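Protein chains: 4
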Amino acid sequence: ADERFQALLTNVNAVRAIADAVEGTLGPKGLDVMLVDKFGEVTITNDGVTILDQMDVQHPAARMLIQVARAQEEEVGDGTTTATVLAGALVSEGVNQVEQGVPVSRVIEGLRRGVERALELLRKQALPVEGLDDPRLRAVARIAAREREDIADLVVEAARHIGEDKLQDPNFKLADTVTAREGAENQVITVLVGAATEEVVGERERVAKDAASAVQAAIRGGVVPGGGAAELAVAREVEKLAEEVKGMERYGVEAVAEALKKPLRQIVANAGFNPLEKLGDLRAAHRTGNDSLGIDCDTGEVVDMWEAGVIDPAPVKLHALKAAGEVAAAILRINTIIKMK
Amino acid sequence: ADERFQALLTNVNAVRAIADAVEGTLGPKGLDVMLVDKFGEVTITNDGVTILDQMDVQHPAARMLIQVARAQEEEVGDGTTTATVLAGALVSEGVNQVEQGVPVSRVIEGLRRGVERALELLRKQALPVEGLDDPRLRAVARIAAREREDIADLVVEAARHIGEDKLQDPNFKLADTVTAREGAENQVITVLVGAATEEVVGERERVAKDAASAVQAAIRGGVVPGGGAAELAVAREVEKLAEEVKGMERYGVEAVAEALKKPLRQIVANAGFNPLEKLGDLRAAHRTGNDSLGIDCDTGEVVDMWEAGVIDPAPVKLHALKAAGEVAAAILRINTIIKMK
Amino acid sequence: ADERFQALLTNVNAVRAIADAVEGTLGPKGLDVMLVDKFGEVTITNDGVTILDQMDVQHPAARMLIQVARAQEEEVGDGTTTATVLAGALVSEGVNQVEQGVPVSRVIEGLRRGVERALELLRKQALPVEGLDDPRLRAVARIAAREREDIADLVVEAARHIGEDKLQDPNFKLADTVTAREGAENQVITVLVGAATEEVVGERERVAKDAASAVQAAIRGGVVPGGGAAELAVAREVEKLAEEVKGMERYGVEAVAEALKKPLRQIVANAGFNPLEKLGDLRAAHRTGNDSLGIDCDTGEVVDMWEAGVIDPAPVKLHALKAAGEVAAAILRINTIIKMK
Amino acid sequence: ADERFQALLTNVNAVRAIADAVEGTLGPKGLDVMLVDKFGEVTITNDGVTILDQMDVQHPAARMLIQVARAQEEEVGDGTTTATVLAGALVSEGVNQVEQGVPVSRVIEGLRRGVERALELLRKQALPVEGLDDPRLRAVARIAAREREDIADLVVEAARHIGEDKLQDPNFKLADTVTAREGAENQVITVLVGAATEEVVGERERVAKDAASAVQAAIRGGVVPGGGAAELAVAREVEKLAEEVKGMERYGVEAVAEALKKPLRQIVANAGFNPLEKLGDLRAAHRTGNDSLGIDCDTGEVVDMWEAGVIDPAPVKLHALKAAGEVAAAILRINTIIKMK
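Residue numbers (the deposited numbering), protein chains in the order written: chain N, 12 to 200, 356 to 507; chain E, 12 to 200, 356 to 507; chain O, 12 to 200, 356 to 507; chain F, 12 to 200, 356 to 507.
Careful: at least some of the hints might be erroneous.
Because identical chains cannot be distinguished in the list, a pair is counted as satisfied if it fits within a single copy or across any two copies.
As the list claims (entries may be wrong) - Once the Cα atoms are required to be at most 20 Å apart in a straight line, the calculated SDA-like pairs of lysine to any residue come out as: (1) 444 x 467; (2) 488 x 124; (3) 505 x 68; (4) 488 x 75.
Keep in mind the hints are simulated off the structure, nothing from the lab.
Construct the complete structure from the given sequences, taking the supplied hints into account.
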């Protein structure tokens, strides 16, 4: 019986290691990682899609988390860091509950329903955007642009150049229509992203792709309050369902409720504030009945996220949460480790 | 800085060790404790008063807890076990919150307000007695008599002889009017408590005092749905206070919210049941708007505590929680250890 | 003499180890197992057919168990995991009896007679299916298809198309008449099973044959209550046998009696409930004289097996118990281990 | 949690060691025990009272068992060995069930109900004696007299001298009226028991009192098939009850059912036969439905105990089983050890 738990705990540590490396890059004030080789080259990066693509993974269970994370990229092309962090948080809280005495099978079925209601509420709370002239598209473009307005303006201009129904096509991907060249300017003709030298093209094309996918998802799925505020808004209701669920199976719902707060906690931690008090003081304005406010990362004061302009696409967070729940369930479902024939 | 926390942990572990050796006697299906000497004498007792009286204490933090608990006993003559267990839980999760990074003063000042609202709501939940012929006095005598009916009837029979307005006299302690003699019968004259042999006189005398004090308090303060149900009922509202309180300080209100679960948790655990599943399944019937429901100690089925016939006095629980809060606040405040002259 | 028993004990622990690896996959809420290579590839599988194919078996006592398990798979293509988890229980209880002082040769014939009367009573308890219009066909198809109704419907829709006497042909195998192709829909023309991608065909083709074999076995041998309830039912009759067998040899009949409870015990354990408490109350529900009372696998309350709708074919369990008896007999007779040229 | 169980295991081993030190003296072919000192003085004896009154006890769990076992002697004056061995078996099986996962409080109440049930069936099964000249009164004195008829005959000769109603009172016991003097012949004047030398007076007086108590009990409450047959008779009924108890509580009832077989197991083991086979062929002979079959101590052939004459009085066995159940419960309750002032 201890060996079965040790099998799960060994897999959990592999997942937590992947989340540990990529959870420091969350939010608008994230931190970058160092990637080194035996030959000695360096790759400074803060975009998690590059971190997961260019990380040495040897433990068998870690590969599944990256597989789902890049499946999300195949879907819409953004939000892999959030999915990895949520999956790590879910698995960590699940193993914490199992160590408390809950059987793993009960935690899995609790986690399933918790993620189900969380997706339901995130879908409900997503507010649609009225036309491409709305400033919320500028807001969601700037945040995907790493707070560089020069790239941000040319993607939103291109979006209004194309149109609404042409953007609604599911067979068309805007990320295939972005190209970056060196020594050029920023304009739309297929858009051209200017770069200084050849080495600057690689990251500029990446951020152009990210902004393209953000504005792509914004029109179809609407708008959700970013910065982890939506996660807290759904976490409160998931806790209500945890009080609603009967039996030992509820403690998976509590695990989903706690795991949903990890994005906001890591955003405030990366912003250079103490998470445990900034999470406490954030609950003051959540008593007012409005569930669209969080914390800004520059002054540490509680402010509503519509006015602050910290916005996230609805499909990115919805799919990130779905993938995180699916992989957390899949990695919790393992009980034994065996060597092949 | 670690030395200031190290001194807190040693104070905590002394308090915890007192509670771990007393908490097993809580509830109707409690278990006894064996006490040994260098001479090897045996003292089998399940009453917390005697175990706390005769137990060796060397760590100064432990002495304060039993001084507070026995002053509580000097007040009304019962409830020391519940107070000690509650103090242990409060101190344990006080240090648990500090381990997470919360400052100690914030936890202290959160414990203060949590205990304040818990006392207020336990006062408001206490239901008064409608005359002394009410069967709930039979119930509160029966639980105080270790579920032995021969002691349960004579204390209520004597009490109805005394009356009411003579019973509310604060200078009158009814537990001083009990005397047990070997080989006698059961009657009032002074309630004469029969016993088989001389050695049996001590435990019967102690049980007579316990039942006498229970019925004494039942008229003064009314009744509360016991078995840990009332502490759960006020724990829910203390959790609402925690969601109402601002800043880092709210983590102490959460500590009070959890510490009120420990009596019911350890009542269920001592019954031979899994406390996790039974605490999970007990929140179902609390959604109906009623807050007077608990769990039985024989079948494991969730039943209403008024009809289940398990009731405890109001002042005993009130003052036990007050003493537990006061001693938790007094013991979390210490930060350093120095030798004297 | 110690060497003879030690040479047996090393054989038992091999059958125990291979049984332990697949015991977690039993039941509708089973847990998957990952199979790592030297090169690091992984196969997540919850079916017991594949885990035995793709695992090292170096201690040759396990080779006999895998050989007889796949030999069992050859007739009716299902229930190999039940066969090996019953074999492990029988062998473990037999060696436990041998530890008490019973010689092995007595336990061998006790096992023989107990398994014989267990086969007799599990055959008798089987209830024939009323045509192909009976919804028990849907019930037995859904369970074999991992509780996925989309694949469950097509197998029984085809089975309607084949007929009664054409399915009753012993030389005709309907598991060869199921084929899976990627990118297609589900229809019967040959049963075509749809799949998303090429990698999804590998598992869909497997579960198609499993579901096909379930409905094939159902017509031949009728229906038996699943979830381990039938093994619990025949266990009591084996216990009644044990009191009738004269001499030291009966204790093998006790080994059969205790081993037949292992399926229900492990299905309950994998479900996330306590096996002892949830198996004790089952026999308390057997007072009515009916032998179908089993346990639901998400609420944990005892429920009559037929009405829950989770039901398993009769011949698969018949031959699984026969194979478990054959291998438990075969392994126990091995007393010495030596080498060749 | 481990310490609470380890505190029980040290208490269990003390009881087991006491029972293990007097288990070989049970039955008509019992084996003596050698006591030693620092001075080297030694006493050879097989009367368990003379061992338990003299062997050294330092673990306080053993002193309670000897206290209640000698209280049984104070009540009647015989059957202390069976009380001790039953207490040991009950405690050993209680801890065996706690090892599996049953909480101690559940086993405790299961044991309580099992012992109450066993007392009820022994009360029913104990048939009365028809007059004083019935040969079973000769037989009970014979077994009480270490299979020597010289002491047995004078006891029944005195018993007819006193009278039936004179024996019926509780205020008078003829265990005190027996007196042994050296150099005297066997006659009654005061039952004068002859002895060879002064040293022979001690054990002869002791066995005279034992035989006196045996025939006291025989008229007082009748007779019960001894040699362990009656405990096997009631153990089947306790096993039948075990299947009716709901939930986790039953495993105490199974412990009571098993612990009642330890008496006959030890009579057979001390006799020089394999207990496991001679229990199987005994329970295989109970097909007729009668509850008087046992095993003879000279040939090992299964015979009815009435014809063999091996008989034991009813009240001694009833009180021994009651004391064994009470002490097993009271030693199972203990879960924590502390040093006192």
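If you test the structure against every hint from before, which numbers come out violated? No hint contradicted; all consistent.
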